[PDB]
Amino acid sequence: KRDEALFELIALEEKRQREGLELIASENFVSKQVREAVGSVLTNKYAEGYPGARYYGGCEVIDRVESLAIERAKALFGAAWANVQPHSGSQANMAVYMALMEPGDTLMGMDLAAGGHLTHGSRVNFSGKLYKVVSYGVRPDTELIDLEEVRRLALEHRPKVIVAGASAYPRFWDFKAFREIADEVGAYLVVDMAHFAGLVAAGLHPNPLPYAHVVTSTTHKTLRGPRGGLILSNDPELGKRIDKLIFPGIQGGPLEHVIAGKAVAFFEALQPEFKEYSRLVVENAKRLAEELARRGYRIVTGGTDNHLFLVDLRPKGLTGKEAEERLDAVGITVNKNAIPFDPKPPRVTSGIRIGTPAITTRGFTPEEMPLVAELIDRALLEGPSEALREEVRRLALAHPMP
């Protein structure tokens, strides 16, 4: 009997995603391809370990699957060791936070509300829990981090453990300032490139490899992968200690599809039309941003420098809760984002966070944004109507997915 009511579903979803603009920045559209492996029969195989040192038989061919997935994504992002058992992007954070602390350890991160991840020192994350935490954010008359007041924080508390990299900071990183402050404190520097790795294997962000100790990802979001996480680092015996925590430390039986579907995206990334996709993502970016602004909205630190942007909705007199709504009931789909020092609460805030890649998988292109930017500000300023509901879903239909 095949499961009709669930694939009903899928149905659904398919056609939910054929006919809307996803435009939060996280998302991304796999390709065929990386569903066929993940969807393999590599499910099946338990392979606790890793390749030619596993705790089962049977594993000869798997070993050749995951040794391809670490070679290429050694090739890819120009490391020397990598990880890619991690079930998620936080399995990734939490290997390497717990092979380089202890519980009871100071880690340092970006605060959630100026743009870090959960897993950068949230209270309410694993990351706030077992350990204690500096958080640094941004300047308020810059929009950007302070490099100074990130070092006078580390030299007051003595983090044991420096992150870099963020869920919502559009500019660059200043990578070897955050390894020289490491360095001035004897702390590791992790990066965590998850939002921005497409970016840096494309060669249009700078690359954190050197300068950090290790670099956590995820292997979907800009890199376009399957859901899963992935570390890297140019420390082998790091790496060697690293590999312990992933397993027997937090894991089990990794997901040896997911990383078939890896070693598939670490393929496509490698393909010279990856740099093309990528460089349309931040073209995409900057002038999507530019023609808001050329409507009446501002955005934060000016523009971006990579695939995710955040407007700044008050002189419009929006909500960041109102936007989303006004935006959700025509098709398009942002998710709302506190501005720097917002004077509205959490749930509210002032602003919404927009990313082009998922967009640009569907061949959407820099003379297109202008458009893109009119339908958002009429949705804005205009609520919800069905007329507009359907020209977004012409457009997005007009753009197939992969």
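Basically, rigid core = biggest C-alpha set you can superpose within 1.5 Å across the two forms. Residue numbers count along the first chain shown, from 1. What changes on going to the form deposited in another entry:
- Once the core is superposed between the two forms, every option in 316, 244, 295, 74 stays below 2 Å in C-alpha shift except 316.
Mind sharing the form deposited in another entry? What's above is the form deposited in one PDB entry.
What comes next is one chain alone, with no partners or other molecules.
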């Protein structure tokens, strides 16, 4: 008997994705072949352990799948070791922290209000519950990270782990300087590259692998893979410690169907076409930010080096909750986002974050960003309307989905 009610909801979600403009910076649209691998019979096999060292027999083909994902990840990022089993970016970070730290050690990460991720030390997250957290932010004038401030805080508090990487920071990171700071205090440098991993893969963002002790990531977001996590290092002895924290430390059976999807995504990212895609992601983001600034919006830091940017909505009298609602009403999806030194609580905020990976996958070009900027501006100034919703829908439908 087919579950018609559930499949009707999936069809409605397909239609929603096709008919809207998805500008949430962490989203993307995966390829049919990634979906085919994730939908495969590999879900049926328990594969606790690692290739050639499994608990149970019958894994000879699964070992070749997992090993292919591991070796492609090493080739793609230039790493000596990879672990492809984490179920999510959160589990990747959790295993690394538990391998390098004991409860009550000091973790240093970027402040949530400045663009850090929940797992970089928030007090409602395991990171800020198990560890003592010290956070760094950005300067109030340039809105850039101040490496002198990072260095001062590290000397004063002597963290065991310093995390670089963030979920809403629009400029490049200086990984060499962060490693120099970590070395001054004997800390490990962990880089969480989840947001910009696909740009690293395409050579469009500095690679952290040579400077970080350990690198974590998601396989979704700019890498355009299935939802899951990933860990890399140039030190295979530290990698063996972390392998034990993934299993048997914090997970049980890995999702081998998802791992097959990660292998496929790494193969897609190794192709020349993925470099061209990634180039257009960054060109579209720069162009859309410029078109919005020409309409009088304030862009945090004045621009972007990567796939995302932040808009300060204080001057226009909007909370980010409000802008998020007005845009959602006409089919444009963003997320509210705290801006640097935000006057308003995190459930309201003063800004929005926009990113271009998802619309670039649908074939949007830099010459189309003036039209996208017009639609955003109208939704914010004039509020939602049926004519505006229809204009968004027409523009979205003119671009294929993968």
